[PDB]
Amino acid sequence: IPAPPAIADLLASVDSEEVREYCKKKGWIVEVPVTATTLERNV
Amino acid sequence: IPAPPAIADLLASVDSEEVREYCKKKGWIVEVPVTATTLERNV
Amino acid sequence: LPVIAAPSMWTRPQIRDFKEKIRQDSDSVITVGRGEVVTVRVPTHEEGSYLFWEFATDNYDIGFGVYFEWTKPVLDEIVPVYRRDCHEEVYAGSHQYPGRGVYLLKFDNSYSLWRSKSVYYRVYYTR
Amino acid sequence: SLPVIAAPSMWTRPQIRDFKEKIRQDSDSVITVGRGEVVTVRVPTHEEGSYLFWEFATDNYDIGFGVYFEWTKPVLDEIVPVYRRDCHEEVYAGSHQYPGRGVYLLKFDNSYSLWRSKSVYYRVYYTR
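In order, the protein sequences belong to chains D, B, C and A. Numbering of the first sequence is given in the authors' numbering, commencing with residue 16 and proceeding in unit increments. Numbering of the second sequence is given in the authors' numbering, commencing with residue 16 and proceeding in unit increments. Residues 366 to 436, 474 to 529 in the authors' numbering are what the third sequence lists, from first letter to last. Residues 365 to 436, 474 to 529 in the authors' numbering are what the fourth sequence lists, from first letter to last.
In isolation and in its complexed conformation, chain D is listed as follows:
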């Protein structure tokens, strides 16, 4: 399991949709569902 800032440095150069899947599979990153978040609208 690599370090969080190492993930970032990797993506900055090579970020693509395939990498995101790989990082997700290895469990390096964890997708947050919308159900775990809230929205706020204002004017």
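Source of the hints: derived by calculation from the structure; they are not laboratory data. Don't take every hint at face value.
Unchecked claim - Not the full set, but computed from the structure, chain D residues with beta-carbon under 7 Å of chain B: (1) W43; (2) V45; (3) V47.
Unchecked claim - Computed footprint of chain D on chain C; a stretch qualifies when at least three of its residues, placed anywhere within it, have a C-beta under 8 Å from a C-beta of chain D: (4) 370-377; (5) 383-396.
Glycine included, each C-beta is placed from N, C-alpha and C at the ideal position.
Once you've looked at the hints, dock chains B, C and A against the given chain D.
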């Protein structure tokens, strides 16, 4: 600085020409020069 | 007082692949009305370490910033709200958890009188 | 006990066309294997490196590929059994841990081909 097998696992899934460059930049991989390679031909 | 780490930010060329990926899976897409502001509250995961974000729009730019809310409540500025061109490219970034709290991702259409904005976004956390 | 050689890793990637045009910018990196020939490329273990990484592709046809290790009459250990690879379709790649100090032999085997020569694009790196 990732382990050699970790480099390999990364590549197997996402290996591309862009990743090679990135891995080349970080110094994770070093291209062997023509000096170290010899060609042998046989029938 | 805590030393808040500087945020990292970058872009990637594939907008169309990204958006079409956002459509099929979560169908999470925001419509930011004329002169509106949409704030996405993202509470720090207890097992969490870092926050990672991605956002893009269809036909137009939109203001984007990141604020952190501690847990009347204290607020810290991570990414100053500013207009990015995310209709051309996918805009992404990352930041380290200063502590337990709630991230506020702001999509700011305030300047736009006549134009609503479609927003495709995604977020991850690490350990 | 005797040295236990680590198993090799192998994989493929879909972009063949992009890989060649990268190599074509280097002449010495392109080899022409003749009819019923086996062209062996010797790659000595770097003192600093712990590992060897290889990549190869062919133009219109399959070619035999295997990897042997020559210690430093000399001993020869078989890493990758020579077999015909579809690398005309895809870029074939792999990695292996240094069993010790010595010389890697990357063999491109055209022996089975009577009437057809093979063009070979290859590249090699190493890791610490």
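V47 (chain D) as chain B interface residue, shortest Cβ-Cβ below 7 Å: Result: violated, 23 Å to nearest chain B Cβ.
Does the CB of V45 (chain D) sit less than 7 Å away from some CB of chain B? It is violated, given that the least Cβ distance between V45 (chain D) and chain B is near 18 Å, above 7 Å.
Restraint outcome when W43 (chain D) is required to lie within 7 Å of chain B by C-beta distance: Violated. Min distance 10 Å.
With a cut-off of 8 Å between beta carbons, are at least three residues of the region 370-377 of chain C near chain D? Three-residue rule met by the region 370-377 of chain C, so holds; n is 3.
Given coverage of the region 383-396 of chain C by chain D, tested with a Cβ cutoff of 8 Å and a minimum of 3 residues: Per the Cβ count (5), the hint holds.
Hints 1, 2, 3, counting from the list given before, are not met by this structure.
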